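There are 4 protein chains.
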Amino acid sequence: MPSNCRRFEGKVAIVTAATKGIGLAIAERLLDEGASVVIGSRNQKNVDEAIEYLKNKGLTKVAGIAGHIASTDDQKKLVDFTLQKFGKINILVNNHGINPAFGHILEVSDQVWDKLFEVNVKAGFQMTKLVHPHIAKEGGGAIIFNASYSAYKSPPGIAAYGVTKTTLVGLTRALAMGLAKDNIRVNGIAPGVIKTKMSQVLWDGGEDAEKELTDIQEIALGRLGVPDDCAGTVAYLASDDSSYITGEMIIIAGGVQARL
Amino acid sequence: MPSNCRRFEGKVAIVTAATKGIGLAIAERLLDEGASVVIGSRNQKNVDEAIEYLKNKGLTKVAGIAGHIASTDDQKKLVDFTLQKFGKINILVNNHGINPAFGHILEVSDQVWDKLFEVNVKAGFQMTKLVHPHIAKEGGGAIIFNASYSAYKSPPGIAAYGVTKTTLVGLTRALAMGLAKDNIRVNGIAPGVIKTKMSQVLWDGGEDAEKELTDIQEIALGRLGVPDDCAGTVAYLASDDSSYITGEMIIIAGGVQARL
Amino acid sequence: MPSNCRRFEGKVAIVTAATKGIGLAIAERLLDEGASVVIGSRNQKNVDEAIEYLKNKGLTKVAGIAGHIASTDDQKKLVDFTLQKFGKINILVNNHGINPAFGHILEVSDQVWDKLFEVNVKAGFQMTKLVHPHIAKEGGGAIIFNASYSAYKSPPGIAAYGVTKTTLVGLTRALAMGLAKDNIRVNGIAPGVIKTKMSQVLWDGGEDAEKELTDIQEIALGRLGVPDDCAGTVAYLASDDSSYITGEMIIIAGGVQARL
Amino acid sequence: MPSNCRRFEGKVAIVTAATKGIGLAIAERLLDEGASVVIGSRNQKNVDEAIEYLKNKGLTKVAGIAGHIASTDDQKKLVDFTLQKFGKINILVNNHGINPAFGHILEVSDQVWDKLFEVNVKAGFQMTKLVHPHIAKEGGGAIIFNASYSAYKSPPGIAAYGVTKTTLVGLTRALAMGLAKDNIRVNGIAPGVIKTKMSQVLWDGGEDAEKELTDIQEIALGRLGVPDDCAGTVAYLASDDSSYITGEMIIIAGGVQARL
Ligand SMILES: NC(=O)c1ccc[n+]([C@@H]2O[C@H](COP(=O)([O-])OP(=O)(O)OC[C@H]3O[C@@H](n4cnc5c(N)ncnc54)[C@H](OP(=O)(O)O)[C@@H]3O)[C@@H](O)[C@H]2O)c1
Ligand SMILES: NC(=O)c1ccc[n+]([C@@H]2O[C@H](COP(=O)([O-])OP(=O)(O)OC[C@H]3O[C@@H](n4cnc5c(N)ncnc54)[C@H](OP(=O)(O)O)[C@@H]3O)[C@@H](O)[C@H]2O)c1
Ligand SMILES: NC(=O)c1ccc[n+]([C@@H]2O[C@H](COP(=O)([O-])OP(=O)(O)OC[C@H]3O[C@@H](n4cnc5c(N)ncnc54)[C@H](OP(=O)(O)O)[C@@H]3O)[C@@H](O)[C@H]2O)c1
Ligand SMILES: NC(=O)c1ccc[n+]([C@@H]2O[C@H](COP(=O)([O-])OP(=O)(O)OC[C@H]3O[C@@H](n4cnc5c(N)ncnc54)[C@H](OP(=O)(O)O)[C@@H]3O)[C@@H](O)[C@H]2O)c1
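So the protein sequences, as listed, match chains A, A', B and B'. A prime marks a further copy of an entry chain.
For the first sequence, position 24 matches number 24 in the entry's author numbering, and the numbering has no gaps at all.
For the second sequence, position 98 matches number 98 in the entry's author numbering, and the numbering has no gaps at all.
For the third sequence, position 32 matches number 32 in the entry's author numbering, and the numbering has no gaps at all.
For the fourth sequence, position 93 matches number 93 in the entry's author numbering, and the numbering has no gaps at all.
Chain A extracted, bound-state conformation:
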């Protein structure tokens, strides 16, 4: 697991929705590679636990602030807290995304529809507008979006969610084209089924409910992902190892086929 990579010394990153699951793994990895990192999530207790968890592993260049990521007030607070703690911003990882609905797409209300886009898409656009001048002032940097494999393969039950993630593919690209002039590279990841609280209902009926899911999902590599499976990609995308890559999505799904 320790790569000895230290591609982030003297960089500051914000990772949204990063007190559990994929986001926390991303933050941990950036911290292992020498970054200072601000994490956030809604619940102060989750922030507290995540900060304690990281500091217990010796990763002390971390701070946390509780906030709703789709609140414009909390967005500004997150960005200002980052600047207060660490003086600058190099990287933004828009990891947040919700999935409240489960059902047929025709049963998604106009309100639930709007909420899905508000949190899953709009909030990342807003965060991007706020961090932009700060990242540009450092001569450039990176923004990463956590979309989903379901951007590409429309899933049953969470199809409206999936559509938001398709949107993030386009937003990743549009921001990439637009922020290239500031040497800000914008890329994304499109994870498959990762074992987290969000996907729990699909995989928490034993070893064999997990194997049956691996089967149905058609996962070449024959297992479900874990949060750490995303982190090496995020680190790669936010580092100089990808300095000539912008506007791309990397599918992290164990070999599930949804585009060429």
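These are computed hints drawn from the structure, not numbers from a lab.
Some hints could be false.
Copies of one chain are not kept apart here, so a pair can be met inside one copy or by any two copies together.
[As the list claims (entries may be wrong)] The calculated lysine to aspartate or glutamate pairs, modelled on EDC-like cross-linking and capped at a C-alpha distance of 20 Å, are:
(1) 129 with 107
(2) 61 with 182
(3) 85 with 9
(4) 122 with 110
Please build the complex by placing chains A', B and B' with the ligands on the supplied structure of chain A, with the hints as guidance.
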């Protein structure tokens, strides 16, 4: 131009935003192939002119109703008027889409962002929910979305618009997966630069402002599209000639390359 | 539904490997729309039966010539026969393709590999170079490739075959970019599982081996294709209904998802 | 930035066609991260210079063997030399690829066509079959293909070449699906214009012929690539940082848009 195709005898279609440009061409073609068609747009005068234009060519199974497509009141009025005039609904063509902004994506306000999605995406989802039970009652039918080539290649100046069109790719797919159980096929078109009022600012500086655009756009076929270039595809997608095709987007851009 | 479409009066098409299945349906449809058509396949008896079958339906503007499609001698004979019979060539449908192997990709010999590419790709390139000057002389026309959905979703057992079909996506595009100057549009179809002799081993355990296959395959529309499901698309792509479309693949797979 | 990454201690890689350009940068990076590496190319003098160059930087876990990559004798010699020198094989990087033709696709002879596929595709398939049992014996590993952005965007002048690279996308995927059972991940890179001897004719009219090329090409990041721009990606794809990623292509083109 006359194909002698009559694949739409005894079918009823709604074509939104169909008093000018691509939408009117789509309506004309469906009418040539024997459909009854309802068109709509905001301005009653545009509705009146379009109906007169079609009736002068002998295409009399047409009716029109003025309405804002993103108004829930007007959506219901459009669908109810269709049922009042023609008794059923087989096909919906969600042709509407706006593009008010021109500038950098970072300059798009939260409000303009939401408006873009409201009209370009949400309204088609809403129209789809309203027509759904009526189409299903006929044993199936078709829904077509007019997205854009800029779903795939993020353009300068209208990038937020482009993102909405990416979203429509995902929405087309999600609706396709979800409405297959009702034998409702959902597909889209992704046009390149079509000469209409919407794209006018790009191509209305003579023959050579058009040739310079053809160059920059990298259009293999060396010309800009016209509304009629979309109509044969829509007809194809809404007919039995595509009865085994659902969830697809067809790029109609004269050979511009943006996916495999 | 016989469509009444008559988009091909005065046009001549060559449809390769067109004495059974998809190719014969393509030829029949072009003939219904008023084309003159040359078909070919290896076996003179199959040629004879196909010609008899078409002439019994009153489609008499057809001729046939037996030949191996990957033989350079037979390619030249096919094109020269077409010019002798009908004087010109407007359309080429490269329908041919084989799949001798079934097994793991690692068990495909170098020889079988080369044969797959020779017939599935190279022969279409060769036919394209032979018809090219003749189609250009008519002011343009169309060339269609029959690839496969398995170009996009790598299948088990016939993966090497699948790779040849991926190649055809690229070849379709490359020829489109290259022949646009001659107003020759080059597009393709990428069918899913179509019930023919070729795909028989996948679907031939009764009507619920077919329903089990449509769940494994995740076919939204809940059924397997038939040859006629491809024909409407080919006709569309070869007609003026698609006059602004070049370089594109249309997946004809009942809603199987493999790209955006 | 030398990354301090050391993800390849105790691993052995073969990098084909790796005495200049992208391949040599790939080899150098794997060596910096602690791998043992075998390189090869046709010309013994190039092998000698590359080995001297690497050993002068202190990267001594390298060996070289001259050979033609599309020779079955030389393929076997390369794999056997690697096993003789280092005892095992964990990683294969199929970097090789040629482009002899420059002109229209219609001017590509059958012979040149076959040669393009022989070297650009078949040789990678062959190398994959030879290394396969050895990599499987280590419990898995990785195979990387160097395709090209021109797999996705068909270029003028080298279109046949481009088609071979499209094929590699398919081959990457097919091998990924097929070798997943052995925990061998197969991924690729699709570079844009990288400044090497191979691409020299496109970019070698001074520093503003380079800037003119970056506008024609629509390279968001406003510059041409260098070999080192590929290496970080290869290292990432061959390391545990991508342990849940198989079947994917990463475009490394400074933000040129060619798929979603
Ligand atoms: N798990 C998967 O299978 C999967 C697959 C593809 C993509 N993704 C994407 O991965 C991302 C993270 O998901 P995950 O699976 O890691 O979920 P998770 O483990 O349940 O983590 C959710 C995190 O987001 C925070 N959060 C929830 N709502 C929030 C809000 N409104 N404002 C700020 N923070 C909020 C949570 O903390 P609080 O409760 O303290 O707010 C927690 O830190 C999402 O974008 C999701 O769509 C997940
Ligand atoms: N032209 C292009 O280059 C191009 C390229 C790709 C995609 N498209 C898409 O094609 C679609 C139609 O565009 P077009 O180029 O044909 O535009 P156009 O010729 O300017 O036509 C616009 C039509 O939409 C109506 N409309 C505008 N706002 C409306 C609203 N809020 N509610 C209902 N109707 C409304 C207009 O009538 P009123 O003024 O009476 O409302 C008119 O009938 C859009 O989805 C657009 O994004 C266009
Ligand atoms: N069936 C499917 O599920 C499916 C799915 C996707 C794509 N496709 C594609 O559809 C195309 C047609 O296949 P199909 O399923 O229609 O097969 P089919 O019904 O078995 O017919 C194959 C046709 O090709 C002819 N043929 C075979 N080898 C030939 C050769 N070497 N030279 C000239 N003609 C030859 C056969 O006639 P002779 O025996 O007389 O030569 C016959 O007319 C192929 O490109 C295939 O890859 C099929
Ligand atoms: N440069 C670009 O813009 C670009 C863009 C996209 C993809 N690529 C891909 O990058 C890969 C490497 O190309 P490059 O640009 O790095 O080229 P390069 O700097 O010119 O180097 C080519 C290398 O291949 C070796 N080689 C050539 N033919 C060979 C053969 N038949 N057998 C074994 N080795 C051989 C050469 O050595 P000898 O002369 O000693 O054989 C040399 O080490 C290719 O797959 C190419 O298609 C390049």
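So which of the earlier hints does this model not fit? 2
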